[PDB]
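Start from chain L and add chain H according to the hints.
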Amino acid sequence: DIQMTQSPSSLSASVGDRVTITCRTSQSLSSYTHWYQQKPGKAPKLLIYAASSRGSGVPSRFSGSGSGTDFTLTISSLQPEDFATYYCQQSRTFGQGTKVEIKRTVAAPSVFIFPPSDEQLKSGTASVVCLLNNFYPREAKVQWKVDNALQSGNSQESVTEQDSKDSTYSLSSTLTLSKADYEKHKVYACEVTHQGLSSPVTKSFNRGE
Amino acid sequence: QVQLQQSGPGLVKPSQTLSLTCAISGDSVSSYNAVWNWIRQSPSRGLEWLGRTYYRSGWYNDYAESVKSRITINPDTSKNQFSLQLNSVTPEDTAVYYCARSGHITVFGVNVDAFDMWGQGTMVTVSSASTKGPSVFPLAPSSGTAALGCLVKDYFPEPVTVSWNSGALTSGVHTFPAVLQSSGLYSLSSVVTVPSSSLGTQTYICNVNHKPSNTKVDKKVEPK
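The listed protein sequences correspond, in order, to chains L and H. All residue numbers for the first sequence refer to the deposited numbering, where the first residue is 1 and numbers rise by one. Quick note, the second sequence lines up with residues 1 to 143, 149 to 229 if you use the deposited numbering.
Possibly wrong hints are sitting among the right ones.
[Said to hold, decoys possible] Each pair of labels, with its calculated beta carbon distance range:
(1) H:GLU65 / L:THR69: 17 to 25 Å
(2) L:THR74 / H:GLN207: 31 to 39 Å
(3) H:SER44 / L:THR193: 28 to 36 Å
(4) H:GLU65 / L:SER198: 40 to 48 Å
FYI, nobody ran anything at the bench for these hints, they're computed from the structure. Beta carbons: idealized from backbone N, C-alpha and C, even for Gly.
Here chain H stands alone, though its shape is the one from the complex:
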């Protein structure tokens, strides 16, 4: 099946340009049975379609009225990708941006405008503040279930991702939504419950990734 891989910075200063890319695998950007879209989502505004590009013996573009004066969506037929450029951004443009394919699924042979596959999303924050990587501190199990965790403190912008034991440990993991502190930096915790018996034999490491600062940190969490 098709895969859509998004990339591009998640921090844009007000008034400057947002630039994202979606790399396609398993279909052609110039396919006659595809339409390549950008859609954004924010807690307030919900899901909002921004625009599209597609090839039908020549390239076409259509854009949403709300962004039409600031937006460009361009195909790259060398790298099998398509871009989003949104100029003159304001805080109202803070959102998760998704690419998606439509116009590929058929009903009685007719290509339909359903968004059948979506990329993973890029969180874009419009802010003048600088990027900052997190500090990572252990939440140690004390003294038959034990809880342990990692405190991921003082980063900007969102998101941070956390795994445990390089993604081997998934059962009983809870990674909390980040909270914005009064400093204007984010913080979150990730916790896991495990058998207390495993503490003297199993190693537990939280793996923290903050892509906007290129921070990847591994923290061993041990008993106190």
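Next up, chain L with everything else stripped away, as it sits in the complex:
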């Protein structure tokens, strides 16, 4: 029966900011709301228990408060390592989570292009990888050109979560071609647009060199 509603569903705040997340219960008389912090690829960790007690190993910048059905989690001074999703809980019910993102200064990506390995070519497929390293904010455009022809529908992107030390993102774009198609062209180019750059950056190689 107990329902838990968390607000906001996400937020961005600067390092040093005071951050407040709310959880509102319904159909409960209990004041024992617990909070968890979950970082990418890790299990949730108990952060606050029984509305206001700090969990083992939890620093003093985290605090909890509760009044009737309204519970709050406060980070008094946000740090880059507090990038996480925060969940409230009562009994067998979890809230939906609040994603805390770190707002920081603009940072242009470092761009690298990788040809397919000879080993992979033997398998009949060629993957060409473009890496954008350590940039902020997340918005970035990556375009593939093969002998100057813009490519469409043959690439996939993946992005990391914000880094726990410098709050940047990194991104990969992978162009997949058959070996025969790879061998028919010479110039492979990754063109990157990002607000940290004064104009688009292109990295390229020539197949065979």
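Just chain H, lined up with the frame of chain L:
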């Protein structure tokens, strides 16, 4: 403190049975001040408590309404573990499964229902497809920072883990989330930035582990 070590296969065919185990160290499965839970998490459904077992002068079990007809959670007092069995699985059961202890932390002496320690999670994929280990290809540094990496291609199911130099190299590493390709196999890359000066003196090896196929691969990544 307590440690919870999960094990069991991460691939289950639709309609068949999911079976996982949590091995406890630092507390007893039959402790009077512990409750042993299973919880799952999926991007869509968020965190969902499944059930629990605990001993209070006899064993008790409670299960979530959503899984009650299909679920069993059993203690093993010989090996200090507890299991999850979930029958008749469907694609909606694809999730990361966590074990966790509750009912151990106290406030004014009262044991509280906070999940104070969690196991590492087991990713479970409900699919009829067979397991496949990855191919690993180098992403070579070309020609004062150099980037290098490993392309981990064509595996099933998730997850793959990647370390560098057997976990000696952690600074500047990025392992990307896997992408599902149109073939229905996953692929990811792991990259590291290093000083270009170190390329002619430092060896770089990516260590790839795909537990569902028992694949452990080490690939030396060198200049071209």
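Hint check:
{"no.": "1", "hint": "H:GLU65 / L:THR69: 17 to 25 Å", "verdict": "23 Å, holds"}
{"no.": "2", "hint": "L:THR74 / H:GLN207: 31 to 39 Å", "verdict": "44 Å, violated"}
{"no.": "3", "hint": "H:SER44 / L:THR193: 28 to 36 Å", "verdict": "32 Å, holds"}
{"no.": "4", "hint": "H:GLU65 / L:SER198: 40 to 48 Å", "verdict": "58 Å, violated"}
Checked against the numbered hints given earlier, this structure breaks hints 2, 4; the rest are met.
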